[PDB]
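Here's a structure for you.
Note that this is a trimmed complex: some chains were dropped, and none of the rest were shifted.
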Amino acid sequence: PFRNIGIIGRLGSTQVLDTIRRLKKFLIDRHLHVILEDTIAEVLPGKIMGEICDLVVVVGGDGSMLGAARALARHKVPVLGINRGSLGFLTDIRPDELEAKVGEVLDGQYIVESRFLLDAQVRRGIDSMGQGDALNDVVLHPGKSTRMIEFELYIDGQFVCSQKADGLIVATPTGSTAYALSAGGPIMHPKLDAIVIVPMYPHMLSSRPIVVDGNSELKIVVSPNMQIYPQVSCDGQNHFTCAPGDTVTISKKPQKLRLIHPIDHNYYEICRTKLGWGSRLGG
Amino acid sequence: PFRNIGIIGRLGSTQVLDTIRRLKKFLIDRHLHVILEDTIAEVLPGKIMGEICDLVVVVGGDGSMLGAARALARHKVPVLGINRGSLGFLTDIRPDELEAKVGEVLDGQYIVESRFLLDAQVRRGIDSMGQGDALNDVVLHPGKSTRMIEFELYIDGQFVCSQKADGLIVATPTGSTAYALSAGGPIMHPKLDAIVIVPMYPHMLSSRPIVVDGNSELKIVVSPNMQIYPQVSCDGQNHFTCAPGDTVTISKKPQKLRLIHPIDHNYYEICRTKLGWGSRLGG
């Protein structure tokens, strides 16, 4: 199917668009059809992408891949990441090895890694008040208020606890290395069928992250005794205002993201270089 | 099968043996055969237990249940816990509700909860240097040395990292609320098929716990450049000395522990009362 190739970038970088110019010329010389993102095309003179491309190449950091994954996941189109120079959890191809790597994938040497996303649904009673997907995390937080908020947590209909905190981070394995990690959560291997729940700046010192089955359904009830309207954020990009008493329901989407890596992809190598963990011992 | 009932206790408590005397009289008046633990029987005048009992009742804390689980797990005998007054993660029955609860189970109203254990195997080359089971955790630590130790971690044959630390905590979901929790690890729901790896007092500040698939095989290589012999501990009860260069291999045992709870058992209620988490909101 690899004939219609889409390219997405994050603007504002010399080095990005240089990688872009190198990629276009490499695929054109392979007699492939190349479709630029409407916004990236305005930076080099010369949402619907998943529907027409058989493969989408994302140039940028893990953040660029994040924005593109929700759109590409629902369209069942494979996604390949090129980083800005160092490995990212979602972007494995270095810019200077672009021709080797990308040509390797187009020729048929690549590994496929499903990643699951979350569905966030805000409700007032049974009325939907907003729905968003998230590859990394669904985050409940106070928005513009500088006060702590209050909420209850249910998992598969069972009451877990109430708490006072800034909010809550609910993360996939992909998101376990992003906000959740900074907030004290564990790393979860990308193949783990699990969801982590990480309290944000909790009042209660014995608050601790919980890891639950990936097929679990989460329900957050915003406290009806609050005076402020908190916010729910998906991948830090799609936002919804919640009223006191609203519910936020979170579970795993059926359609997972088809993420492509070169055959030499190594998840732990990525952890070592990004997080600085020790390499093999010497003498 | 509930005819041969075994009873294990932790000695040194008035309240323990009072619970014991109440339990014996309750089962005898049910015309059941009651077998006391050799050591508990010496405190009231008047290992092989899994082989003859159809049910074993453990009286004591979570720690008493821990010691009994490795023996009872391999014999496929169900285990029921009575706490010392407050819920434990493994002991759900309060002493004052003993007659109601225990009679409920013997009559047939009970829930069954498989818990998996870990197998720890120390090796020098291919030679076994010690094997132990663990319901909570396999812990690598410096023993009597007060210096940091050094080791490498492999998961399913793949190199993860080396590090300098006091050691490593490898925990089941059951053990996720014990040592691993104090060391900063996440809580893992008892039904989660996962293992958590928690570094102990790591030199590297970006060290963080990792959650891996429950069917993963872990291999720790003790650094060959060390001058001290670290220790491996299973459930803090079975200990093995490791030489520089020895390996510790850790995976999930096939035979899981058949843990019994009354029908009203609620895992999150236990988290709230033990950890002090907030209850349902009020007005």
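By written order: A and B. Residues from 1 in each chain.
Please note the rule applied: contacts are C-beta pairs under 8 Å (C-beta built on N, C-alpha and C of every residue); 3 or more make two chains touch, one makes a residue touch a chain.
Asks: Considering just this structure file, the complete complex holds how many copies of the sequence, given 2 are shown?
Replies: Of the complex's copies, 2 are shown; altogether there are 4.
We take it that only the chains that are shown with their structure count from here on.
Asks: Return the distance between the CA-based centres of subunit A and subunit B, expressed in whole Å.
Replies: A distance of 36 Å separates the two centres.
Asks: Which part of subunit A faces subunit B closely enough to touch in the complex?
Replies: Subunit A residues touching subunit B: 150, 152, 155, 158-164, 181, 184-189, 191-194, 196, 204, 206-213, 223-225, 266, 268, 271-272, 275-281, 283.
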